[PDB]
Amino acid sequence: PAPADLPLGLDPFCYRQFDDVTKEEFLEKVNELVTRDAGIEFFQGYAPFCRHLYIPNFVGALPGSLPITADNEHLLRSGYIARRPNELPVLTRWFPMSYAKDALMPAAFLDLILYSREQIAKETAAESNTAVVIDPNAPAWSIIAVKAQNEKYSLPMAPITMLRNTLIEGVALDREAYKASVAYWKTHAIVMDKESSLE
Amino acid sequence: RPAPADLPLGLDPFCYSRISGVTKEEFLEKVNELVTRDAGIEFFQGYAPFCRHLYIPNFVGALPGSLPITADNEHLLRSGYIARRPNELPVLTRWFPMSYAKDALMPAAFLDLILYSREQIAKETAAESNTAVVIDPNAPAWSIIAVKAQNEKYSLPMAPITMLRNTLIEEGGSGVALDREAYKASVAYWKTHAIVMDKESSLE
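Respectively, the protein sequence lines represent chains A and B. Each residue of the first sequence is one higher than the last, beginning at 24 in the working numbering. Each residue of the second sequence is one higher than the last, beginning at 4 in the working numbering.
If you are wondering where the hints come from, they were derived from the structure by calculation, not from laboratory data. Just so you know, even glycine gets a beta-carbon here, dropped at the ideal spot from N, CA and C. Possibly wrong hints are sitting among the right ones.
To be verified - Derived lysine to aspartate or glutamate pairs resembling EDC-like cross-links, with alpha carbons at most 20 Å apart: (1) A:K202 / B:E28; (2) A:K209 / B:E122; (3) A:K202 / B:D139; (4) B:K194 / A:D42.
Claimed, not checked - In silico contact screen, one side only, chain A against chain B (beta carbon under 8 Å); selected entries: (5) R116; (6) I213; (7) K217; (8) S220.
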């Protein structure tokens with residue numbers, strides 16, 4: 024990607040739906056860091072509309088995930104969680120935020136998850152119940168989510184999520200993608216600001 | 004529910020929670036005695052006309068398969084990806100290990116006795132061998148094929164994940180569209196109870 028599909032935007036709307044220095048100020052340094060270092064590169068996530076770019080964690084964010092070791096295993100908590108009201112809740116495990124804050128070191132990178140203008144337009148239309156409108160002035164690509172992490176590559180989506188995606192309300196399961204996600208999530212867990220699952 | 008001629012209940016030993024220190028003869032005898040004594044013991048239709056079940060007092064002191072999750076024991080839970088069979092995909096599961104469970108489990112309030120018709124027992128015993136099925140007309144009409152120690156007077160919901168895996172023919176299982184209301188019900192139960200499993204850590 025060059026000046027044609029640059030600089031990057033940050034969709035405020037589609038961004039508010041993906042999250043548990045101001046927006047403008049943050050966007051300014053991303054685009055700067057991108058023009059500089061003509062070596063930073065984009066990696067296709069999975070869909071032709073999802074792309075990732077990895078930059079240094081200039082905001083000091085803690086990682087959203089950490090390794091499970093024999094010594095910290097007892098800190099895990101688990102429970103049935105629905106990311107949003109219409110989703111069926113699913114068994115999930117995590118390390119509490121309080122532990123991550125006192126243990127962890129500022130993640131090495133920020134994984135910027137980018138969506139195409141067209142995809143943002145389609146998803147904003149569905150969520151908003153408005154028309155699918157594409158502004159040719161709008162950036163070709165925009166940041167919809169940021170994940171702090173030490174690995175310079177996309178981490179697999181949770182296993183349960185892959186199964187969730189096969190439910191009618193509608194496609195077959197990629198069994199190898201599933202095996203791979205399990206391999207990773209067997210020995211790592213997300214961070215969540217929740218000390219207990221009991222209600 | 005049920006006809007005097009459809010009593011006493013039998014017990015297919017080639018199938019049968021753990022029951023200890025009692026013979027299969029004595030067990031069946033006490034089950035039948037408990038049944039004919041208390042007119043309040045109800046039989047509940049299973050799903051297909053060949054399954055049925057009833058709840059009786061837990062006279063063998065069998066321990067349940069799970070424990071309640073409380074504020075004091077929540078941190079003792081362990082979790083990991085487990086496959087119930089070598090040909091199945093592993094799924095996230097949580098449990099209380101024996102280091103806690105051995106000092107928490109107590110005899111359950113009831114036994115959910117699962118019954119199968121004489122017909123279905125002959126059929127599966129034969130299918131298990133593919134042998135010509137021989138039915139003994141004098142065999143009990145209903146026989147106990149499973150016994151579940153539990154504290155609740157209702158069918159314990161299967162695990163939420165089991166319900167999901169059953170919607171995947173490729174990995175199942177029915178293939179039928181998930182009954183979302185049954186799933187929610189199952190989740191409500193499993194949010195506050197966890198199975199017991201002899202595994203101290205998830206790491207391998």
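**Message:** Next item in the hint list is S220 (chain A). Is there a CB on chain B closer than 8 Å to its CB?
**Reply:** At 7 Å from the nearest chain B Cβ, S220 (chain A) passes the 8 Å test, so the hint holds.
**Asked** Taken at face value, is the distance from the CA of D139 (chain B) to the CA of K202 (chain A) at most 20 Å?
**Response** 48 Å, violated
**Prompt:** Is the Cα-Cα distance between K209 (chain A) and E122 (chain B) 20 Å or less?
**Reply:** Status violated; Cα separation ~45 Å.
**Message:** For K202 (chain A) and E28 (chain B), compute the direct alpha-carbon distance and say whether it is at most 20 Å.
**Reply:** Roughly 47 Å between the alpha carbons, so the hint for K202 (chain A) and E28 (chain B) is violated.
**Message:** For the restraint on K217 (chain A), tell me whether the closest CB of chain B is nearer than 8 Å.
**Reply:** Check failed: Cβ of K217 (chain A) comes no nearer than 12 Å to chain B, outside 8 Å.
**Prompt:** Close enough to count: is the Cβ of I213 (chain A) nearer than 8 Å to one in chain B?
**Reply:** 12 Å, violated
**Asked** Has the given pair, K194 (chain B) with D42 (chain A), been kept, meaning a C-alpha gap of at most 20 Å?
**Response** Violated, at roughly 25 Å.
**Item:** chain B contact restraint for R116 (chain A) - C-beta distance below 8 Å
**Value:** This interface hint holds because 5 Å falls under the 8 Å limit.
Hint violations for this structure: numbers 1, 2, 3, 4, 6, 7, all remaining hints satisfied.
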